[PDB]
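Visitor: Now for the letters of each chain:
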Amino acid sequence: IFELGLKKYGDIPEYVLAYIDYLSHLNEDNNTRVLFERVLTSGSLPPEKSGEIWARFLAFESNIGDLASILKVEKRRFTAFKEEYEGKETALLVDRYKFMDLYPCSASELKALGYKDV
Amino acid sequence: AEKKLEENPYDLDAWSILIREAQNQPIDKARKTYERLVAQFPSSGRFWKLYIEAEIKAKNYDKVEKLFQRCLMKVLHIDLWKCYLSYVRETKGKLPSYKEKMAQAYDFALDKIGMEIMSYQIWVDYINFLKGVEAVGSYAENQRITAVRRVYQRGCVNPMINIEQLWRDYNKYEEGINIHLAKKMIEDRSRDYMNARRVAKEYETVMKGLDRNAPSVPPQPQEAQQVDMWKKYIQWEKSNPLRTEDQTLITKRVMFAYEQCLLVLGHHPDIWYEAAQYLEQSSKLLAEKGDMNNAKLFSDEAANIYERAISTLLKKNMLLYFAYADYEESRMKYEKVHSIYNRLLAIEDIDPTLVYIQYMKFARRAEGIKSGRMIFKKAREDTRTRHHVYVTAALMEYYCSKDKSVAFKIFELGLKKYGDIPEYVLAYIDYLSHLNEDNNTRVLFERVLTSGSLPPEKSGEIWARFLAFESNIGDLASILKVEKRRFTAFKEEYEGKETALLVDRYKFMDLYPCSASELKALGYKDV
Amino acid sequence: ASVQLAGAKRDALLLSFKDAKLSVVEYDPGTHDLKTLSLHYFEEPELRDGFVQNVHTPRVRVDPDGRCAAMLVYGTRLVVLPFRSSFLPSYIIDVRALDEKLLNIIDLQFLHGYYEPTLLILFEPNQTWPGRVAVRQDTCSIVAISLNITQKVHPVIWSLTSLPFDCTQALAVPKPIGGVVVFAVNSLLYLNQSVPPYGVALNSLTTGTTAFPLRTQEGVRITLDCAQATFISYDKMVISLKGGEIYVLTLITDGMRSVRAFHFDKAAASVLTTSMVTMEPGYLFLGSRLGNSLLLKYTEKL
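Protein chains in written order, with UniProt numbering: chain A, 432 to 549; chain B, 21 to 240, 243 to 549; chain C, 82 to 165, 183 to 400.
With the rest of the complex left out, here is chain A:
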C-alpha cells in the first residue's frame, strides 16, 4: 500500500516522511537505507523540499552504520544543499550529535551559530 502511494504521490515530502519513519522502526537497516536512496536519487521528489528527508537520514545513520558512512553523506547532503548551507556547517553539525533535547552547546551559543530546529 505504501509503494502504491509512492508511485503516485512521490513528490509530497509529508507523505514520504510518514513512510520513512515506518520503515525506520521495522528493524531492518538495509530496507530503511534502500528507501532513503530511492527518494533522494530518482527525482520523484523535488530536492528543494527534501530538507526533512535528509534530516531523518542522519538520525538513521547515527544509530546504525559506521562513521565512514556518515561522512560520505554530510559531504553529499551539503553538496545537494550548497546554496543555503554555506556558513552554517557547524550549526548543521549539531544534528549529527543531538539527541531529543541534548545539544552540545548552550542555547545562547546556538543562537549565533545559525542553528534551527525542525
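Each hint should be verified, as a subset may be incorrect.
[Said to hold, decoys possible] Some, not all, of what chain A presents toward chain B, calculated at C-beta under 7 Å:
{"no.": "1", "residue": "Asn494"}
{"no.": "2", "residue": "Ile495"}
{"no.": "3", "residue": "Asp497"}
{"no.": "4", "residue": "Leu498"}
{"no.": "5", "residue": "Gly518"}
{"no.": "6", "residue": "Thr521"}
{"no.": "7", "residue": "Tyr528"}
{"no.": "8", "residue": "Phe530"}
{"no.": "9", "residue": "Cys536"}
{"no.": "10", "residue": "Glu540"}
{"no.": "11", "residue": "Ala543"}
[Claimed, not checked] One side only, chain C facing chain B, incomplete, derived with CB under 7 Å:
{"no.": "12", "residue": "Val233"}
{"no.": "13", "residue": "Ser292"}
{"no.": "14", "residue": "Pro295"}
Hints in this document: simulated from the structure, not taken from any laboratory.
Even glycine gets a Cβ: it sits at the ideal position worked out from N, Cα and C.
For this one, chain A is given, so just place chains B and C on it according to the hints.
Guide: Chains B and C in isolation, oriented as in the chain A frame:
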C-alpha cells in the same frame, strides 16, 4: 569594577578599569591584576604586551623571557612579535654571540608572522642587521652579499603594505654592488614580483575592514557582523588568489587565516571546526597527488588544532571534543579516542549524558557490541548521568544487534530508576508503539499511568500518545473509557476545553476537522 | 553460472563469451542437444569508453535466491539481467558513474541474506602495485551495491576503504553467518555490515605493507594469492592454495553469530587447481587446467 565582573566576567569596561589602575600601582601589586587578565584573555596579544611592557619597565629581564615562553607560540599578534624582537635587541645586545642570537630571532619570526601585512619593518630590521655584521676580506663580504640577497628574494614574494619600497631598496642594492649584472638579477625575478605586488593590493581590501585587536568573547549585533567579515576572509583565501595547484601553499595560507581569526574569536567552535576540517580535507587531497609524507603532517596538524581548542580556550565545550573524537576514528587510532572521551569525563561540571551516548556510539561502531556495554556500564555508575543514555542504549541494541529482549531489559532498567521523567517514558512509549503488539504497548501505558512512578501533572503527553494508539487499534468502547478517565485525571484544566480536546481523537498529522480560525476560539493546542 | 528460473523444470546456464556475449542455454529432452534461451550481445563501442584492448573478462554471477544475475562487462559496466517468457529486459549500470568512483574492479559477488540482490564489489580506486608500497600503503575497498530491480536504482549501502593493497578474490559467506571473506595475498579478512572488521595476517610480510588492524594467526605461515575456495554448509571453507595445498578454514563463531577467530588445519595436498566445487556432501571437485582435475572425498576424523 569587580561588581561588574560578577555579572559579566568579560565586561571590557570592567577589565579596562583594572588596566587603568594598573600603572597607578607598583609591579608587585599590578602583577596580580595582569595575571587575572592574561590568563582570562590568553589570545589578546595587545593584553599580553601591556604586562610585558610593564615587566620591562621594572627591568625584570628574567620574567619577561618566561612570558615569551608562555604566549608567543599561542599568539600570532604582530605587536607581540615586534616586542619580542625589541627585547632581544636590548637585552642580548652586549653579548659576544649577539650576531648569532639576533639573526636567529628575525628568521624565527618571519617564518611564522612574516606573512602578515604590517611585517615590513620586521623584514627591514634584519636587512640592516646583516649589513651591521662586520665582515673583513672578500669571502666574508660575499657571505654578507649572499645573506642579504636571500632575505630580499624571499620578502619580495610576500604580500604586504610596503612591497613597493622593498623592491626599490632591492634595485639599489643590486646596482650598489654591480651595475652591469643588476640589469639581469632584477629582471629574472621581476615577473613573480608583479604577481606578488598585485595580490598585495588584493589583500588590502579584506584586511582593512577587520579589527585584529578585539578580545576573545563567546557569542551573546556587532559581534555576528564581525564573524561575517572573518568568514569572508577565510573563504576568500579558500578562493586561492594566488592561483596554484600546490595544496601546501594553499593550505598554509588558509592556516594563517585561521590562526589570525582564532586570536580574535577563539571562543567560537565553528572557527575551530572549520580549521581542522579544512586540514582533513587537505589531508585526503594531498594523499591522492603523491605527497604522502606531508599528508600525515597536515593530518596530525588536524588533531593539533582540535587539541588547542580543548586545552587552551574551550575546555567545557563538548562539540570540539567530538569533532576531535570522530577525527581520530577516521584516522583509525581507536586507542587514542578513549583518552579523548575520558578526558572530557574528568571535567567536573558537564552533562555526561550526551557524552556517554557518543562514547557508546563509538564503541559499538568501532569495537563491537561487548565494548559498547562496557561503556554503558560506566554510564550507570556516574551520578551526573541523566535519562537519555538509557534511551540510546536500548536502541543501540535493537537497531544494531537485532535483539528485542536486551532492548527490553535496558529500557526496563531505566524505568525502575527514571520513571518520573516524562521525556524518558515517551521515548520508550513510541519504541513499544512500533514493535507491533497491542498487548505490549497497552500494558506499558497502564503501568506508567497507574503505578505513580511518574507525577500525573507532567503526564499530559503520555496521555496524548495514548489516544494516538487507541485510535489505530482497539474499539470505540475502549476509547470512550479513556476520554472519560483522562478527563477525570485532568479535571482541573480541561473543563470547557472538551471539544478542542476531541480533535486529538480525530486528527491526523495535519488534518483537523475544523479550520484554523475555528480552533483558535475552541481552545485547541498543539503538542 | 546457473539459476533455476520461474517454473522451469531444469537449470539454465549463463555462459559468457569473449567481448561480452552472454548466452542463457538449457538442456532439452527430445533433441538431446542444448537449447539457447537468450542471446545478449554487449560488444558496443560506446560500452568500452574507448578502451580497445579488453583486458577484463566478462564475469557472470547469480543471486542465490534467483532474483537477478549480473555480468561485469569490460570491467566498468554491470549488466543486470532481471528474472521473473521467463525473462525481463536487461540494463547496463555504469560502474564509474556510481558513488566512490570504483574504477578498478577486482571481484564481485552476490551476498547472502538480504531482501534485494546486494552485490559486493571489491575495487582499487587509487591503484598500486606490490613493489610500490611506501607511498601507496593499502588501497582496496568494498561497495555492497543493492540492486533495485523494478525501480532500476542502486543504493551503495556499506563501504570500507582501507583494505590491504593486494586483495585477490572476494567470496560470499552463506546465510547463517553472512558477510564476506576477502582473500588478500598475505592476510584474510571477514567483513560484514554490522560487525567491526576482523582479519588476521598469514606471514610477516604484512609489517610495512598494511595499516589495517591485523592479528597474528598462530601456527600458520602461508599466502593466498591464487587460491580457489568453496564453502562447507556453514563455518568451514576449503581453500586450495597455490601449490595445491588444501586448507579447511574454520570461522570460529560466537553465540551471536559473529566471527571471533579463525582456525586453520593443514589438510592433504592435491592438484594445482583452477576451480572448486562442492558436489554431493562429502565430495569435492578440483577443476584444473594443469593437472588431472580430480574428484576428492573428505570425511570426519575421530
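Visitor: Evaluate each hint against the coordinates.
Guide: Okay, the hints, checked on the actual structure:
1. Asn494: With a minimum Cβ separation of about 5 Å from chain B (threshold 7 Å), the hint on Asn494 (chain A) holds.
2. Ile495: 5 Å, holds
3. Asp497: With Cβ-Cβ at 5 Å, under 7 Å, it holds.
4. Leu498: 5 Å, holds
5. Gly518: 6 Å, holds
6. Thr521: Given a least distance of 4 Å, the restraint on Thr521 (chain A) holds.
7. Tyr528: OK, holds: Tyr528 (chain A) within 7 Å of chain B, min 6 Å.
8. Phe530: 5 Å, holds
9. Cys536: The hint holds - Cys536 (chain A) has a Cβ within 7 Å of chain B, the shortest such distance being about 6 Å.
10. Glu540: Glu540 (chain A) check passes; min Cβ-Cβ to chain B is 6 Å, inside 7 Å.
11. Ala543: With a closest approach of 4 Å, the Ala543 (chain A) hint holds.
12. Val233: Holds - the Cβ of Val233 (chain C) comes within 7 Å of chain B, reaching about 5 Å at its closest.
13. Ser292: At about 6 Å, which falls below the 7 Å cut-off, the nearest Cβ of chain B leaves the hint on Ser292 (chain C) intact, so it holds.
14. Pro295: 10 Å, violated
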